[PDB]
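*Asks:* Spelled out from the first residue to the last, the chains are:
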Amino acid sequence: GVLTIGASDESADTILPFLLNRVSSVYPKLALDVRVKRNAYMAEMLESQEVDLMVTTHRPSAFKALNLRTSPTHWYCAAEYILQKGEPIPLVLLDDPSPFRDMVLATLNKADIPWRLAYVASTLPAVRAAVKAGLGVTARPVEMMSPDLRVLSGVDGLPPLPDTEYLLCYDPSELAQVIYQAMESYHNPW
Amino acid sequence: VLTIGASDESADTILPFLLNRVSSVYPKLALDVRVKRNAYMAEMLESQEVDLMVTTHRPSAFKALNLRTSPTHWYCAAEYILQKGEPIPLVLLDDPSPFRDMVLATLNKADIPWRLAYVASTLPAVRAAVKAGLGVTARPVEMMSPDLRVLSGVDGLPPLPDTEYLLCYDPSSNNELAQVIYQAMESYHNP
Amino acid sequence: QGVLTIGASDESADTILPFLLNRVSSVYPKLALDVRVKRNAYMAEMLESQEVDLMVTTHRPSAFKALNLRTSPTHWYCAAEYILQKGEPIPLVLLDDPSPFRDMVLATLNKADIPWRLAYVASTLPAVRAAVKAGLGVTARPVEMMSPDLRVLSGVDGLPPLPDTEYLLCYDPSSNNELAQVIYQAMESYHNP
Amino acid sequence: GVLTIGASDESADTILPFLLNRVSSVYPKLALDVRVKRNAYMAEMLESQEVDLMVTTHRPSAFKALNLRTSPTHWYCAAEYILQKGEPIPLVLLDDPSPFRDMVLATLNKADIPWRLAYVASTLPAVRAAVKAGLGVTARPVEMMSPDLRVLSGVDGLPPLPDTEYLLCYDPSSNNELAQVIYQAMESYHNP
Numbered sequence: 002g003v004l005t006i007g008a009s010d011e012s013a014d015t016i017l018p019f020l021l022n023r024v025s026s027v028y029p030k031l032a033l034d035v036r037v038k039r040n041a042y043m044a045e046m047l048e049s050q051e052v053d054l055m056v057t058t059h060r061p062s063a064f065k066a067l068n069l070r071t072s073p074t075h076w077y078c079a080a081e082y083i084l085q086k087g088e089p090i091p092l093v094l095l096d097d098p099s100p101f102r103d104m105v106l107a108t109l110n111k112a113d114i115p116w117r118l119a120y121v122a123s124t125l126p127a128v129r130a131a132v133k134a135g136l137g138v139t140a141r142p143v144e145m146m147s148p149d150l151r152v153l154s155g156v157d158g159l160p161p162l163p164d165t166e167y168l169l170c171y172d173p174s175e176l177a178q179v180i181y182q183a184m185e186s187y188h189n190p191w
Numbered sequence: 003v004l005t006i007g008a009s010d011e012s013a014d015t016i017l018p019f020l021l022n023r024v025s026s027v028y029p030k031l032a033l034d035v036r037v038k039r040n041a042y043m044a045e046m047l048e049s050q051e052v053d054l055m056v057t058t059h060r061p062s063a064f065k066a067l068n069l070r071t072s073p074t075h076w077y078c079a080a081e082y083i084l085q086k087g088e089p090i091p092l093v094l095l096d097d098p099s100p101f102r103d104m105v106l107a108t109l110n111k112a113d114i115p116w117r118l119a120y121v122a123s124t125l126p127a128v129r130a131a132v133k134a135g136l137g138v139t140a141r142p143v144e145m146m147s148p149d150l151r152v153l154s155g156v157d158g159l160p161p162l163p164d165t166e167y168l169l170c171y172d173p174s175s176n177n178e179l180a181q182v183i184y185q186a187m188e189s190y191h192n193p
Numbered sequence: 161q162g163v164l165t166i167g168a169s170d171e172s173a174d175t176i177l178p179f180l181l182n183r184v185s186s187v188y189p190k191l192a193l194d195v196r197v198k199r200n201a202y203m204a205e206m207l208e209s210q211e212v213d214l215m216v217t218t219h220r221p222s223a224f225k226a227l228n229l230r231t232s233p234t235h236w237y238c239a240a241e242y243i244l245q246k247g248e249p250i251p252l253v254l255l256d257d258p259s260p261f262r263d264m265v266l267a268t269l270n271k272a273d274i275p276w277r278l279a280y281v282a283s284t285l286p287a288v289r290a291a292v293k294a295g296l297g298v299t300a301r302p303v304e305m306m307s308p309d310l311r312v313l314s315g316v317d318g319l320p321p322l323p324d325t326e327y328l329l330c331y332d333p334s335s336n337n338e339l340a341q342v343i344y345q346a347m348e349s350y351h352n353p
Numbered sequence: 032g033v034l035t036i037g038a039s040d041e042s043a044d045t046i047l048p049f050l051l052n053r054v055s056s057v058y059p060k061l062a063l064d065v066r067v068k069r070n071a072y073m074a075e076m077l078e079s080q081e082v083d084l085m086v087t088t089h090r091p092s093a094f095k096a097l098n099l100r101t102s103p104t105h106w107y108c109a110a111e112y113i114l115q116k117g118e119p120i121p122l123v124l125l126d127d128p129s130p131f132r133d134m135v136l137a138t139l140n141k142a143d144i145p146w147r148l149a150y151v152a153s154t155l156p157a158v159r160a161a162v163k164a165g166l167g168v169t170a171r172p173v174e175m176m177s178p179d180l181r182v183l184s185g186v187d188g189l190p191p192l193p194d195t196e197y198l199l200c201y202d203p204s205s206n207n208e209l210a211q212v213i214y215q216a217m218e219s220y221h222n223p
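Heads up: the protein sequence lines correspond to chains A, B, C and D, in order.
Going by my numbering, the first residue of the first sequence is number 2, and it counts up by one from there.
Going by my numbering, the first residue of the second sequence is number 3, and it counts up by one from there.
Going by my numbering, the first residue of the third sequence is number 161, and it counts up by one from there.
Going by my numbering, the first residue of the fourth sequence is number 32, and it counts up by one from there.
It is worth saying that the hints were derived from the structure and are not from the lab.
Even for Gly, the Cβ is constructed at its ideal location relative to N, Cα and C.
It cannot be assumed that every hint is accurate.
[Stated by the list, open to error] Straight-line alpha carbon distances no greater than 25 Å define the calculated DMTMM-like cross-link-like pairs of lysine to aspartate or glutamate that follow:
hint: 1; chain 1: C; residue 1: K246; chain 2: A; residue 2: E45
hint: 2; chain 1: A; residue 1: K30; chain 2: B; residue 2: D164
hint: 3; chain 1: B; residue 1: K65; chain 2: B; residue 2: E81
hint: 4; chain 1: C; residue 1: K190; chain 2: D; residue 2: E111
hint: 5; chain 1: C; residue 1: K198; chain 2: D; residue 2: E75
hint: 6; chain 1: B; residue 1: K38; chain 2: A; residue 2: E51
hint: 7; chain 1: B; residue 1: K38; chain 2: A; residue 2: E45
hint: 8; chain 1: A; residue 1: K30; chain 2: A; residue 2: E51
hint: 9; chain 1: A; residue 1: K86; chain 2: C; residue 2: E348
hint: 10; chain 1: A; residue 1: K111; chain 2: A; residue 2: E88
hint: 11; chain 1: D; residue 1: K95; chain 2: D; residue 2: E118
hint: 12; chain 1: D; residue 1: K68; chain 2: C; residue 2: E205
hint: 13; chain 1: D; residue 1: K116; chain 2: D; residue 2: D133
hint: 14; chain 1: D; residue 1: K95; chain 2: B; residue 2: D10
hint: 15; chain 1: D; residue 1: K68; chain 2: C; residue 2: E211
hint: 16; chain 1: D; residue 1: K141; chain 2: D; residue 2: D194
hint: 17; chain 1: D; residue 1: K68; chain 2: C; residue 2: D170
hint: 18; chain 1: C; residue 1: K225; chain 2: A; residue 2: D157
hint: 19; chain 1: B; residue 1: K65; chain 2: D; residue 2: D64
hint: 20; chain 1: A; residue 1: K38; chain 2: B; residue 2: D10
hint: 21; chain 1: D; residue 1: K68; chain 2: C; residue 2: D194
hint: 22; chain 1: B; residue 1: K38; chain 2: A; residue 2: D96
hint: 23; chain 1: D; residue 1: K141; chain 2: B; residue 2: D164
hint: 24; chain 1: A; residue 1: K111; chain 2: A; residue 2: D96
hint: 25; chain 1: C; residue 1: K198; chain 2: D; residue 2: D64
[What the hints assert, rightly or not] With the Cβ distance kept under 8 Å, some of the chain C side facing chain A (calculated, not the full set):
hint: 26; residue: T231
hint: 27; residue: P233
hint: 28; residue: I243
hint: 29; residue: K271
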């Protein structure tokens with residue numbers, strides 16, 4: 002057969018290595034089409050059966066969703082960046098939609114923290130680069146950590162964040178089913 | 003409103019350096035950084051879609067300032083087993099990528115048997131397959147993570163050309179942002 | 161123009177000593193730098209005996225001035241594909257005493273009635289990280305240890321939160337070393353406007 | 032019983048995750064204390080039988096030595112470090128002994144390149160920290176590469192460097208049956 006996997010850029014390089022390793026070890030005859038789009042497009046890709054399985058950081062509402070990894074989410078800035086207390090937090094964000102864009106704005110609002118969109122771009126590479134160059138502050142899971150970056154946390158004025166879930170998602174409505182369930186009886190243990 | 007195009011490769015490696023300097027010396031100026039695949043960089047700078055370009059493929063018709071020279075290495079999974087004797091299983095982009103063109107030529111010019119074990123459309127798809135131990139690729143030395151192991155001559159792979167990180171400009175436009183920023187980044191690498 | 165002796169613990173030598181040594185050897189380009197790197201516990205003794213003029217540690221002293229250079233979150237780590245069986249005592253990878261992180265991880269887990277066992281005790285950090293990555297157990301370290309070999313354990317895995325780790329530049333006020341104080345006075349004027 | 036492995040500070044965290052991982056899956060039956068000392072002191076530890084195995088990047092003369100990893104060795108400096116042309120190359124090195132210091136000076140003499148010791152340190156973390164702080168140049172295996180750093184190659188005028196071998200080391204003239212059984216386990220599992 003031909004297994005098509007959809008993964009967000011975010012979960013593509015963090016948790017797809019471990020999955021894609023296991024896919025090509027138990028079913029070694031099977032061709033692998035890994036399609037990477039933004040995290041927003043992942044629902045439409047699984048609904049329209051463009052992909053057989055999905056690895057996302059945004060829980061869907063209509064599809065069974067197995068959790069592969071839960072990461073703490075951190076505020077990030079450049080290692081030598083200066084977070085100016087008093088002015089709005091200068092945010093470096095994706096354009097609409099990334100739940101993370103939606104999520105970080107909600108979190109700073111619920112803490113009465115002014116913010117600003119210092120840099121909006123359409124891809125993670127543009128966002129990652131802008132934080133590292135120190136154009137402002139962003140939020141991603143703990144796996145984005147490089148020596149380029151520093152964590153901004155409560156003492157710098159930034160509120161706690163929800164966890165990141167890296168979710169394998171499957172549509173109940175044959176090769177999608179067996180691979181999901183092979184990851185599910187191999188996830189807990191045994 | 004300076005629009006900078008950067009290859010998927012060179013986006014996080016060499017654009018932090020540039021994007022830092024533009025938004026510090028000319029801190030007023032809005033930034034549209036559009037990042038596409040490595041091949042589309044040539045087309046984008048001529049068609050005036052971008053003001054500037056940062057790629058690892060030297061163009062022939064554009065000014066090209068070299069921002070960094072890194073060695074290119076073969077990579078496989080840290081725990082990968084490369085079976086010497088049977089064909090080199092490549093993890094590559096689909097056409098086009100100069101890295102693909104360079105890898106096949108370097109394997110062809112040294113008469114090494116190979117195969118496409120995995121052809122992908124994006125770097126995140128390629129990296130995942132290398133790290134999962136689906137085959138080998140060649141990328142600049144900046145991709146080295148603990149997931150990966152370096153293949154060198156010892157394992158049967160010939161040396162690879164350097165990776166050049168290029169800031170590129172089209173002189174045939176009226177773009178002051180392009181020209182003065184290209185000359186400004188020339189005032190740092192070699193004033 | 162003198163020879164500045166800086167003491168750093170294994171952890172804060174790697175994380176923030178590049179940042180420190182960069183700032184020192186740009187304002188005083190003539191000044192020689194002797195950095196002696198030991199465990200985190202020997203750091204208090206070293207500054208009082210003026211074996212070093214200044215110290216960078218993650219354990220706040222009781223007797224010394226302390227400039228805060230970075231406050232990082234502290235996280236539990238295990239190997240990326242490690243399996244934490246809920247129900248068995250947590251197998252810990254630790255240093256022997258003394259190490260602040262040990263005292264914290266033991267105090268942390270005791271403070272919330274979670275059983276543990278010493279799956280691996282090591283003598284040095286390179287041994288500890290190697291043991292965490294080998295999937296021999298759990299640890300707690302600042303977020304700066306995070307590599308792809310590893311996975312972070314949080315609340316959903318049954319582990320309590322951790323107090324932050326502070327990377328502190330310290331000075332002996334019971335001293336006469338213009339070197340220590342004036343270099344100390346340089347580091348807060350770049351970490352704060 | 033108790034398996035004592037010595038690792039260099041260098042190779043302790045690079046390739047010892049794999050070995051100590053493999054020891055504890057085939058023999059979860061034995062306790063193991065890994066003590067990491069400087070890269071030179073590894074040999075004396077195995078001859079004086081303080082440790083049963085060694086993992087080093089400096090080949091010893093008296094002991095069995097399994098090749099576990101051959102990775103390219105590179106010049107490093109700070110990502111934005113500025114290497115002047117003719118002026119002598121300012122080196123960031125350990126003080127004697129680290130064979131790496133011996134190797135950097137040996138190869139820089141084979142091509143007649145002027146140098147100077149801009150920064151000598153006591154520990155690997157102090158040397159790497161000075162390289163990252165951008166006080167000069169060092170040469171370390173490709174596993175040191177982080178975004179802090181840039182690689183110096185031929186383009187900038189520094190000569191080529193030899194590979195690094197991460198070697199599992201054992202003394203055959205000592206009858207540690209546990210040492211050899213772990214050596215052959217890493218030898219029958221480094222070759223499938």
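*Asks:* If a hint holds in the structure, say so; if it doesn't, say that too.
*Replies:* Hints, verified against the model:
Taking the CA atoms of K246(C) and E45(A), the gap is near 36 Å; set against the 25 Å cutoff, the hint is violated. Pair hint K30(A) plus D164(B) does not hold up; C-alpha atoms about 36 Å apart against a cutoff of 25 Å. A C-alpha spacing of about 42 Å is found between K65(B) and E81(B), which places the hinted pair above 25 Å, so the restraint is violated. Under the criterion of a C-alpha separation no larger than 25 Å, the hint pairing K190(C) with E111(D) is consistent with the structure, at around 21 Å.
Restraint check for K198(C) and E75(D): satisfied, since their Cα atoms lie roughly 22 Å apart, inside the 25 Å limit. At roughly 22 Å between alpha-carbon atoms, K38(B) and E51(A) fall within 25 Å of each other, so this suggested pair holds. Distance hint between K38(B) and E45(A) is fulfilled; the C-alpha atoms sit about 22 Å from each other, no more than 25 Å. The hinted pair formed by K30(A) and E51(A) meets the criterion: a straight-line CA distance of about 21 Å does not exceed 25 Å.
In summary, the hint linking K86(A) to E348(C) is supported, as the alpha carbons are separated by about 16 Å, within the 25 Å threshold. Taken as a hint, the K111(A) and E88(A) pair is honoured in the structure, with Cα atoms around 17 Å apart against an allowance of 25 Å. Restraint check: the Cα-Cα separation between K95(D) and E118(D) comes to about 43 Å, which exceeds 25 Å; the hinted pair is violated. Distance hint between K68(D) and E205(C) is fulfilled; the C-alpha atoms sit about 22 Å from each other, no more than 25 Å.
Between the alpha carbons of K116(D) and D133(D) the distance comes to roughly 23 Å, so the proposed pair stays at or under 25 Å and holds. With a CA separation close to 45 Å, the supplied pair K95(D) and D10(B) exceeds the 25 Å bound. Straight-line distance between C-alpha atoms of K68(D) and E211(C) comes to about 22 Å, which keeps the hinted pair within the 25 Å bound. Distance restraint check for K141(D) and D194(D): the Cα-Cα separation of roughly 17 Å lies within the 25 Å cut-off, and the hinted pair is therefore satisfied.
Straight-line distance between C-alpha atoms of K68(D) and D170(C) comes to about 13 Å, which keeps the hinted pair within the 25 Å bound. A distance of roughly 21 Å separates the Cα atoms of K225(C) and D157(A); the hinted pair therefore holds under the 25 Å criterion. Taking the CA atoms of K65(B) and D64(D), the gap is near 58 Å; set against the 25 Å cutoff, the hint is violated. Between the alpha carbons of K38(A) and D10(B) the distance comes to roughly 13 Å, so the proposed pair stays at or under 25 Å and holds.
About 20 Å separates the Cα atoms of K68(D) and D194(C), which keeps this hinted pair within 25 Å; it holds. The suggested pairing of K38(B) with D96(A) holds, with an alpha-carbon distance near 16 Å, which does not exceed 25 Å. As the CA atoms of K141(D) and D164(B) are separated by approximately 23 Å, the hinted pair is consistent with the 25 Å bound. Only pairs whose Cα atoms come within 25 Å are accepted, and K111(A) paired with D96(A) is accepted, the gap being roughly 21 Å.
The straight-line distance between the Cα atoms of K198(C) and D64(D) is roughly 19 Å, inside the 25 Å bound, and the hint therefore holds. For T231(C), the interface hint holds, the least distance from its beta-carbon to any beta-carbon of chain A being 5 Å, beneath 8 Å. The beta carbon of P233(C) is positioned within 8 Å of a beta carbon in chain A (closest approach about 6 Å), and the interface hint is therefore held. For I243(C), the shortest C-beta to C-beta distance to chain A is roughly 6 Å, which falls under 8 Å, so the interface hint holds.
At its closest, the beta carbon of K271(C) sits 20 Å from a beta carbon of chain A; the interface hint therefore is violated under the 8 Å criterion.
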